[PDB]
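Enquirer: Could you put the whole structure together from the sequences, leaning on the hints where they help?
Given next are the chains, with one letter for each unit.
Number of protein chains: 6
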Amino acid sequence: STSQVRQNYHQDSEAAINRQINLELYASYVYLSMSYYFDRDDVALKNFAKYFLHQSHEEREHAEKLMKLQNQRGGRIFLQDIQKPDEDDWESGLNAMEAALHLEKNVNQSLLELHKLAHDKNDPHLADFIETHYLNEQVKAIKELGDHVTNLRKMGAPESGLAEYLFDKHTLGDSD
Amino acid sequence: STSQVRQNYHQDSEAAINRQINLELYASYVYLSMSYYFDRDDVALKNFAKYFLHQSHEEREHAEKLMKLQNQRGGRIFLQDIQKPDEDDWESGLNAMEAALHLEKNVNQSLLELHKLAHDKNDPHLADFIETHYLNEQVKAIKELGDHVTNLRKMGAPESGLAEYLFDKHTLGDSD
Amino acid sequence: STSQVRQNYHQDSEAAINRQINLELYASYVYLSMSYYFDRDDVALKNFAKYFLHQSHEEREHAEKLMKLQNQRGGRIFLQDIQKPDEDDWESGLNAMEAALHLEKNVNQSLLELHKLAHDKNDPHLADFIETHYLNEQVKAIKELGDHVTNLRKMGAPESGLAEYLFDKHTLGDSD
Amino acid sequence: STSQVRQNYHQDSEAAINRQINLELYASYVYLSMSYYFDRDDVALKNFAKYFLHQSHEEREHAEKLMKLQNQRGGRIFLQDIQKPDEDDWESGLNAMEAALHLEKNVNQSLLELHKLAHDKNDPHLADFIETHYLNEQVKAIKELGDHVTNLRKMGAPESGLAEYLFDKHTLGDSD
Amino acid sequence: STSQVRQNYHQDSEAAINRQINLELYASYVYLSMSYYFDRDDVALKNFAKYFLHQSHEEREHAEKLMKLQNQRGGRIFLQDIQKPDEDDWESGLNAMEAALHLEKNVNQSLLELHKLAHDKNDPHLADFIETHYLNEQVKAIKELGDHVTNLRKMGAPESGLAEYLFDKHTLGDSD
Amino acid sequence: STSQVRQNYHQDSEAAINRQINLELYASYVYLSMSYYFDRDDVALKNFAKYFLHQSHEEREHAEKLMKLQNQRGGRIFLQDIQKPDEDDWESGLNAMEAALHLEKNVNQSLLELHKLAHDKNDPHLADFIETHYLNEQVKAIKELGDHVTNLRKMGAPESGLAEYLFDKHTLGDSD
Ligand SMILES: O=C(NO)c1ccc(C(=O)NO)cc1
Ligand SMILES: O=C(NO)c1ccc(C(=O)NO)cc1
Ligand code: NA
Ligand code: NA
Ligand SMILES: [Zn+2]
Ligand SMILES: [Zn+2]
Ligand SMILES: [Zn+2]
Ligand SMILES: [Zn+2]
Ligand SMILES: [Zn+2]
Ligand SMILES: [Zn+2]
Ligand SMILES: [Zn+2]
Ligand SMILES: [Zn+2]
Ligand SMILES: [Zn+2]
Ligand SMILES: [Zn+2]
Ligand SMILES: [Zn+2]
Ligand SMILES: [Zn+2]
Ligand SMILES: [Zn+2]
Ligand SMILES: [Zn+2]
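Protein chains in written order, with the working numbering: chain A, 3 to 178; chain B, 3 to 178; chain C, 3 to 178; chain D, 3 to 178; chain E, 3 to 178; chain F, 3 to 178.
Hints are not guaranteed to be accurate.
No copy is singled out in the list; a pair is fine if it fits within one copy or between any two copies.
What the hints assert, rightly or not - Here are the simulated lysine-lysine pairs, DSSO-like style, with alpha carbons at most 27 Å apart:
| hint | residue 1 | residue 2 |
| --- | --- | --- |
| 1 | 118 | 142 |
| 2 | 107 | 86 |
| 3 | 142 | 156 |
| 4 | 156 | 70 |
| 5 | 107 | 70 |
| 6 | 107 | 142 |
| 7 | 145 | 123 |
It should be emphasised that the hints constitute simulated quantities derived from the structure, not laboratory data.
Expert: Below, the structure is given as structure tokens:
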């Protein structure tokens, strides 16, 4: 019937965790697609590609985390298909980064709704889990991407390819 | 009258912290009893005993933590007697572990009610304290114990003593 | 209009973050004033002064943290004047420490109201941010100051200067 | 029209590389599903789970490799959806391992057909790429899984849970 | 009926070991209560608190030792409730230390009666066990506490709080 | 009446030291405001922000130095409010740097007037103090800022955002 370890875990919490798992997996797929878009010889921005590939591994980690939680709280995982990304040819580093920002805002909205739920089903554990392991990472992600979009713009992207080249070398070539 | 450092600390929060202190102490007493049950020469499962003794020290730490919080927020401690454990002869490693799971679920329920309170008396500090120092530890504890019960069962406990022996050597003989 | 990274950040949250920034800056100014009060040759309590100077740097850090959050969540900073401290001549180590306790209780009250808000505007990120980076630090601060006031009193402050001297050497001369 | 770096890369080779990319991603999804099946508290086989999680990361690496090749030879990637695994509840370690063997045999068959192609479209580079980076890994994988199935069987799986427990400790607890 | 390892262990010896176990646990509870009495912000004597907390851990060790002996000699443990301490508000460091001395004298009297028994039931093992693991520790404990009471008195406790403060810094701030 | 350590310290010297303290604090506030202006996601110049934040800490140090001198020479500190910066939105790195130059020239003018005073009230100690701890630092500051303004201009600021980006990476990304 129910697992020996289930307790205060509501069914809406569970379904939302499966949906969120599928979502994070989706984000990883998107970031992968963008990554190898910038690996293409007619784009050739190694640091853009490394960057998005890192983001893709991070998303995969987020999903696996959520699955570990599902099993943890006594819930049951159910995997769904992983929707192909909306694009196969992202136009530029700037455009890829804007799509990034929109994606991260999506995932953040989903996580905020999930926290609303865990709070309404009076599930504190799930609440503070979402808080400490996802929310801040989502704010930091959205911030980083916003700064990148701002700089790419102030430089003259996507008009000037010199811009995206320099941004690739001087911003994505060191740090996180 | 009231301590110089009291602030936003409600009286129900306080009484609940004293009750929770007594509860954690109780859990330590139980874990001790089980520990030295498995030290008995007619049981002789050194790793079961070490395991539960560790859990007992951990519970003692939880209590002392809660007392430090009471003094912290301006509350006053009041100690109550420590009820002897429901059993003096736990039947098997499997049964001891099941009683463990039930106990941890009790303590978790109490902590969740306490968080409900700290949230209703609009005490955020107490809320996130409960969250970060107890709730996750309680989920992890319940999970670990549930996995152990599952394995002891799948092996053939308590019917086969060979089982409990092997579980003692291969699962409780390394790790946490 | 609105920043690319804004999301679930309410305007009351923002104004409250600017007010809190100004408040933390104020606390730093106060702690500075007290510090160099105890640097005066007619007071001459090097450890009291070092202590309050440390507290002042800490407050400055709190403010800068809050500004980083404002920019983070898509809000906009607005700096206000920094009100001079209520006193230019704090009477004794004991009195300075009591004013300290009152100040920390003020800042704590403000932070608790801000958390109430972030919870009412359903802003979990801001909620748990306040929780993990400020609330506990505020409880610990109020506790430390309360203990100090208690000891200074039990010793005979401010009546006996021998007291404040000894407290300066044996309590503020080692540790945090 | 065509990339500056394309050369001797046939269109069937390309489409087959996109199909193979999607396939490897699928295998990673399957291995993930199995992994966290064995993380469930009513299964509780940490080493089975770690094992399949490793296999999942490996599959992800295989896919990313194939994408790097696509971009390398002048081809263009096209991502497709990732089909959910045929099962959400794998019965036992033994059954999960048998499904594993069948999957690896599928992927191997696909890779062998792809090598047949690269040989028929006289694409040596693609031929020896498939050879050195995939074929041997596929034989080794199928062998390992076959040995595991053989041992789980000879032990008495899935009938005896004691078996799967021991296999989990003594075979999946050390080595690769 | 009787354990395979029982030998020369009399029933009065056993009951006395269970009573002594409960007693040592009681002493640990008392020392804990005193400890966190001195953690209270209106007392604020960190070293008094650390001291009594150490004593509490030591008492817990004494109890666990006695349980290990019970199981050792073929006896059976029976746990009883742990009586709350006679006080919830110990007046001063001096008074807490006097209550300490009285407690240690109680425990010593009990242990001496137990040795009388082990000698009358001609149980040498139990006799020299009590001798080497408890009696000296009890004399040293009573001595230490007596010296502390003497110094607190000669200083002017509990009248002068300056006294207890200094004693806290200069005697309980270093050594055991 | 007057401090035991006062000597050759004129009252105009004192009032000027309090005014200068308030001024340095003001400069720190300004530099802070600029710093977190460049932390804004729609500006996003991490190195500009780090730079001005460093300058802000430096100014705070200057103030604390002056307070230490006041107490040193037998004077008495009097703290005044800290005027909010003239701007909340500095336009560009170039404009922020120009406002910087103007500010440093202000502080330098004030310090030069203060040295004129210490020389007219025949206060050599104060004279050479101002000389060795402030004047050179002020010339170096004004020089550095002037060079920065010159380079930002020669590059094409604020017209070209590419400029400010590059200046941020190649000039503010290494050194002081
Ligand atoms: O009275 C209510 N609804 O009708 C109510 C009471 C408490 C909360 C709350 O704790 N939100 O975080 C929300 C709604
Ligand atoms: O039958 C044939 N030609 O008439 C034939 C048979 C095998 C190959 C081959 O192995 N290519 O790699 C090529 C041609
Ligand atoms: Na939290
Ligand atoms: Na000079
Ligand atoms: Zn994510
Ligand atoms: Zn993300
Ligand atoms: Zn609520
Ligand atoms: Zn506990
Ligand atoms: Zn527990
Ligand atoms: Zn603060
Ligand atoms: Zn503070
Ligand atoms: Zn593969
Ligand atoms: Zn494979
Ligand atoms: Zn004892
Ligand atoms: Zn003792
Ligand atoms: Zn300056
Ligand atoms: Zn300056
Ligand atoms: Zn002259």
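Enquirer: A separate judgement is required for each hint: does it hold in the structure or not?
Expert: How the hints compare with the structure:
| no. | hint | verdict |
| --- | --- | --- |
| 1 | 118 - 142 | both (20 Å within a copy, 23 Å between copies) |
| 2 | 107 - 86 | both (19 Å within a copy, 26 Å between copies) |
| 3 | 142 - 156 | within (21 Å within a copy, 31 Å between copies) |
| 4 | 156 - 70 | between (42 Å within a copy, 22 Å between copies) |
| 5 | 107 - 70 | both (24 Å within a copy, 19 Å between copies) |
| 6 | 107 - 142 | within (11 Å within a copy, 31 Å between copies) |
| 7 | 145 - 123 | between (30 Å within a copy, 21 Å between copies) |
Violated hints for the displayed structure: none, as all numbered hints are satisfied.
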